[PDB]
Amino acid sequence: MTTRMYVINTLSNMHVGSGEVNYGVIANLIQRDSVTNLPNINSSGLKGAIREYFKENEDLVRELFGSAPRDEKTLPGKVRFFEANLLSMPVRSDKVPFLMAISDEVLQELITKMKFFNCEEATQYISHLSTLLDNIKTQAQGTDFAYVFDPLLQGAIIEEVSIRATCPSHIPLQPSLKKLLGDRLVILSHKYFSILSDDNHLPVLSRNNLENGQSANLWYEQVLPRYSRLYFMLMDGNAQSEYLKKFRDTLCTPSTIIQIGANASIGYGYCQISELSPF
Amino acid sequence: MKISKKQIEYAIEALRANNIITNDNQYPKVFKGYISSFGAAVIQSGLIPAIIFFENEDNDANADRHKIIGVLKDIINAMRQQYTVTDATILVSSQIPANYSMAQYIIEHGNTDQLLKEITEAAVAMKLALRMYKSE
Amino acid sequence: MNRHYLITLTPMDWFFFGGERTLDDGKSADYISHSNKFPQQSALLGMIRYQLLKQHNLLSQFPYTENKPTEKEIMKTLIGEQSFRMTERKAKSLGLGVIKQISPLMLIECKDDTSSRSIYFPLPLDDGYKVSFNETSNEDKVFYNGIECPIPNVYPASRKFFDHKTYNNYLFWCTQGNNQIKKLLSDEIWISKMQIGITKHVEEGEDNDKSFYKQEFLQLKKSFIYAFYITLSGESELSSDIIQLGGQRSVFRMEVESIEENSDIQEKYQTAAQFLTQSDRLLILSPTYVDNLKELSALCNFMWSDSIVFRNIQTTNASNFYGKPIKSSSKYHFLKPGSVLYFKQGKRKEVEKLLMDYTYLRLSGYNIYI
Amino acid sequence: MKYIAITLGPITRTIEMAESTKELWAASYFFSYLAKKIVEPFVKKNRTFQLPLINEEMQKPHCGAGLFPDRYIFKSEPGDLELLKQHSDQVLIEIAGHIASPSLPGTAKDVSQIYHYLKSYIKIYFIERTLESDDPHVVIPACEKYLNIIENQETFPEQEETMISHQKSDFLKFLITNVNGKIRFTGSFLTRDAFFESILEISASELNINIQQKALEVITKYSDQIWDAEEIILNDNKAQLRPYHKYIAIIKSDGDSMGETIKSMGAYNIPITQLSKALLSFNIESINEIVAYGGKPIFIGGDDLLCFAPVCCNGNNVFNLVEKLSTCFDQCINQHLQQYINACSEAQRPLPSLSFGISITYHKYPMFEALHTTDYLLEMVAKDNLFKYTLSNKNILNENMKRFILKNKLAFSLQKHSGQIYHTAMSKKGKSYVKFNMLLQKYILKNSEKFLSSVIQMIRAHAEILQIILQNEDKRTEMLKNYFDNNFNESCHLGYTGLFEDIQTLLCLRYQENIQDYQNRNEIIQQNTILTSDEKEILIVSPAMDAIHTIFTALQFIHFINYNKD
Ligand SMILES: Nc1ncnc2c1ncn2[C@@H]1O[C@H](COP(=O)(O)OP(=O)(O)OP(=O)(O)O)[C@@H](O)[C@H]1O
Ligand SMILES: C[S@@+](CC[C@H](N)C(=O)[O-])C[C@H]1O[C@@H](n2cnc3c(N)ncnc32)[C@H](O)[C@@H]1O
Ligand SMILES: [Mn+2]
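Chains as they are written, first to last, in the entry's author numbering: chain D, 1 to 279; chain G, 1 to 136; chain C, 45 to 202, 212 to 423; chain B, 1 to 183, 193 to 204, 213 to 237, 246 to 472, 481 to 599.
Each statement offered as a hint is correct.
Below, computed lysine to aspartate or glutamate pairings styled on EDC-like, alpha-carbon distance capped at 16 angstroms: (1) B:302 <-> B:355; (2) B:389 <-> C:262; (3) C:185 <-> B:144; (4) C:263 <-> D:71.
Covered by chain G, per the in silico footprint, the following chain B stretches (three or more residues, Cβ under 8 angstroms): (5) 491-498; (6) 504-512.
Hint data in this document are derived by calculation from the structure and do not stem from the laboratory.
Quick reminder that beta carbons are idealized off the backbone N, C-alpha and C, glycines included.
Given only the sequences and the hints, what does the whole structure look like? Please build it.
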């Protein structure tokens, strides 16, 4: 009722514009965290996307997100959105189409942020995540690692950095951890995860503008690969129970799709928000 | 396939080593065509047939076409060096012996996926590095 | 008898403190906002008042509801009448109920274990510079836009003179060490972020005329927290909760620690600052206001000082709280933490008396020196 | 005997409390006006002056920049300090009366309280000092030493009342905002002592079209409406409007090691009056040639220069303007400091020069950010203040590193309407600068050497290969020619052999100058034992990649000037 974790689970390729000056080839770049240089979505972007989804519900938007711009009533929003951090990203493999890549440092940051925010039903999650991390560190013994949790997925190749994923047959992965971190999950060092999510490895697309067969303009766009998983913390202030319940149920309904990103008409940034479950 | 500067330096050293670039920075003009055609031969015929064709020394070629295979082996060996050795790494950092011909090595060691990638990148580096010299 | 609490603020995200230029003023370039490193002490007061009525469940919720004549004096005995009105600076009491004393905001480094809290202070403007004032020979005076002043001589205290191309004491922060000063750069303590913000404006006929702004957000480093001391009477148990400290929904974790009631917080702050004292100086620890700086200049041989700007949001108990906020009638110019006043022979008690005559400011956490 | 020294005004703070072209002009010329009427008494009555050459036509308005720096030390007579003080508050009083002249769009005007604010804000400091010696080259350092530390006092304007109606306590805001006035323009005392607005009129001053007149006719508070009017007037002037007609160039320059030059002249018994002569002649010629080019002089006639110039007028670049400014400064230095020139340059010494900072942005993207970008380019890039500042923060500095400080550099950035920055820096000493200028003169079309646009992307994509070629010392020129011939080896490329060889020679010269300036510096920075890796990485400049980037940015500037959206 105070702090709930939400997972984004993008269905398409996301482009959230950083709006910063460019030194390089890609004219349009995606947002990244200043400290970790990991892809992220600003709280303003999340609030805007969810507000646009709920725009037809005037009362719900007014109660949760607040007054519209250039409206004279000046109503603050009862809901505080926190920055969305990249949890899991798809990674090209050979045994399977892609792999769910979660780095040990992102797991540590998730545990730290769960402890800091005291997320709802996060005690068991923190305990089990810490057991997973401790077992991973025990197996790794300070060396770089790539750990899968399916016996079928052992020996998978991460193409970009050329590392083989081994299966630690002594570490358990609880079902709720599969539901959170993703299916076909590989755990690797942050050294490899940084390479897998830098500006040279995540997709770059060329885009054109044609005028009776004449190319008027040329530029390049970079996007976040689809099926990527991002987590953000929602602080539900002491608000109306009915509007909070309606908003939570609509967000968690599998029929909902939220567009966070730029290129809406060409299907960029459509996502499915899910809140943390028990365990 | 972005330009890899380290592979370009490897290609420069290997081109000088396998007596392609003369003391004056010039090379036989036909080698340009050799490097350009090796990649197409690898792609549309197979790695082993292309290597066998370019490794042959009984050829009616205007120059020593087999020198490019030696340069390829030198670039590949240089890439095997400076490989981050760890338990998880797929890449085999084992150097190709000089007595073994390149065709035999891929025949005896049947993991072509690494060899194919290395040979393709080494050929690209070859073609890009040959342009620093005069095309006599 | 009074009860004293130590309140520590931990930032849960990027924060922002507004300066004189805000994103929607009537001035020219109202799309770039820059963030002050510290909140105003009036923001601390509003924080405490808001949380106090939050615990007692006394707010304004939506229409401009009026309060019956029991909530009125319960808010009187809770917070008082007004915000931090700088008009009543010469009032020998805090104009606020329950709350009696608020220390200047402190930069605290919490590293690991219980250990200790490293209070961080701005560098005095003469860190390794020895000032050698008038060798009294009747010659070579200065006119500081005014009356006589005896020719400061600044040497590198380690000869040459003061070279201003290598002067950087205003970019440094300092803390207690094992008999030497530990110097931390300002950019290591804080991280700056510039945000691009828009209104997507999709609809059909809206005028795309103001749909672009630039916001500056600051982030404290991981092992760094804000803290201050409070004094509360008629004990209202200030509980730990999630707070707001101003600026685009800034969220902080309030931890309330109880200290011994037989302790005034002022000399606790001055004990923290004791490691920066020199007999010939007056180190300005918190922003200092004087109605006439000419008098202060006349009572010193040097003012190695800087200017800071103050503008407060003025709101009463029966205020809208949901409309345009009536900001302070006057922008006030305070000195900067780290400024030093080099008094003449004697007259130290006189400048102390001049500084301490503002009791509202001193109680609020302003005009604190060592 | 003793001397009297003067410092005037918190100039940077007054500039910051201002945002307009009128604003930037008005603050600087207000400080120049204060200087003029504070030193009018000590110069009208003859006093041997040695800091400026305050004679000739400085008091005469040339075009309006302000030729008066705030560094004044006269000779002294018995009883001039009281003279100075009473005329100081007297000139403050006349300024308070001048603002109290109802020639502006004012509402209510006070005199005494405006004077109180002005006294509490404007910092006018006098230094009296018994310098027991007769030599200027020793007098100036000894008094500047004290005025620098004196400048650390702060003057407080305690409290302002700036919301509504007629009671606000700040008045510099109106003295600085509503210069000129109502529409036919009116004038303020700034304008009377002086004898141009928006951002676009001096970006397209080539079409021989008077946007001010038509905009005034259309409009007939002010700045926004006329800004929009100028915008849409040169919008429907689309017929001959090139993409460089909507880009604004801000030029900022400062003198390099002026105090060091003074100290070097002191060794050779050379008066500072010659330096004053050279600086004043350079400033006059700078104003003349800046208005001749088609730009606008804004800031000063001291050792700085802030100019607002169009990118290209009458086939003349902003880079042509910078080259002419550098040549004018060098000519004045040589002409007046000829003695110092042939006395200290034979054995070895660098002569005084000026570093340049240029920012080219859209006419939109407000000029406050562009001005700060220009300040950064001049300070921390052109003058190598990143190196010095970073080392001084960690208390390394020391004489070994200080001898590696580089000056006489030009830094420029181009932010196209999108967010792509083209930023490089190059030395104005040596042949690389002249080759750069000749290349820009060559391949920029007039209103007929041809330009190839695909070489630009070759430079970017093949940057690593070009780095290898440049680092190969023995056969660098041969390898560069072979690379540029093997690439671009098609029939269409035979017409661009002049471009290729020009690029090769400029790149080789840039690399040679880069290695000479930076190699030992980078080596010693790498060995430093307290520098963090972040600081080492932002301080270590790769000699070859910087030259490649300079050539790339020069080529992209040529293409940006040449190509029209047709
Ligand atoms: N007319 C003049 N004659 C001689 N010197 C002058 C004159 N006008 C100004 N100066 C000198 O200009 C100096 C100010 O220069 P400034 O501080 O901008 O640059 P700098 O410190 O020499 O250069 P840099 O930052 O490149 O090291 C003053 O020290 C003053 O002595
Ligand atoms: C006077 S010293 C620096 C002192 C600095 N102006 C101050 O007020 O403390 C030289 C510098 O002052 C600035 N300056 C001097 N006279 C100026 C004027 N009239 N207008 C604007 N800037 C000026 C220029 O930046 C120049 O490089
Ligand atoms: Mn200067």
